[PDB]
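Only one chain is given next, in structure tokens, and it is the form deposited without its partner chain.
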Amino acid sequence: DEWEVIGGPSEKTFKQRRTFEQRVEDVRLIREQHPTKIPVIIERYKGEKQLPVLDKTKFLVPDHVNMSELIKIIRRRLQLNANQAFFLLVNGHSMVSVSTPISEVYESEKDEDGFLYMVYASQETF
């Protein structure tokens, strides 16, 4: 049509951009400095065509918050209504009980590198 569609370079994930050793060190440093914060990686699902992208990838989340509170925070930062379809994965798993405090989620769902990985999409499929 009237639009020139730029293809551009491919999207690379956080794990593709940093070595396992770098990420282990990243977590190590941040946990020593901010013991009450949870190191969270938040990314958009790879084939997502409806939701916008965040400006950051690495998040420090206060350990007392629950998943419900975090979900809403991410939603607001994506500037979505409470109307838009929105699903969140943690460690590749369907979202756990939303009242679970992230301190507990971290201990059970953190990656081997020490990060807690989250992925968002507009469908529950991914």
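Take the two forms, find the largest set of C-alpha atoms that superpose within 1.5 Å, and that set is the rigid core. Numbering follows the first chain given and starts at 1. What changes on going to the form deposited with its partner chain bound:
In the overlay on the core between these two forms, a shift of 2 Å or more in CA position is seen for a single residue of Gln79, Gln33, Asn83, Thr36, which is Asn83.
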Second form
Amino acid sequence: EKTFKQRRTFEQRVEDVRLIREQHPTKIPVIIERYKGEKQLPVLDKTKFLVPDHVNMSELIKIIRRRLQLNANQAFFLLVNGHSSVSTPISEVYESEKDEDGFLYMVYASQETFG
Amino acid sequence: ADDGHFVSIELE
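What's the form deposited with its partner chain bound like, now that we've got the form deposited without its partner chain?
Complete assembly follows, chain above in first position.
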């Protein structure tokens, strides 16, 4: 059950960010993965996302929910390094919370604290 | 997994 960091080496990830930032300078590179213990949400179709740098976290969350085709009654949370602010621009989350490899990592679940 | 492609997210 290998996560993205386990499938690609640290060097491969650093190199991937460098090139994708050079080719897509208006986009934030984001890794979005499902919580390993998740039991009721579907898995996403892909792992690596490019998010425009005028978008905020509230907007991203609604977009991902829609990708998963969730019913209104279904809980969804998006965690950036374990913390569950919706208004923050994804550029600012990136500057603050990006990994040493340069990706911004997120995990989604139907629980908010996990776990 | 398709680690070789990025989804390009845009506002609707």
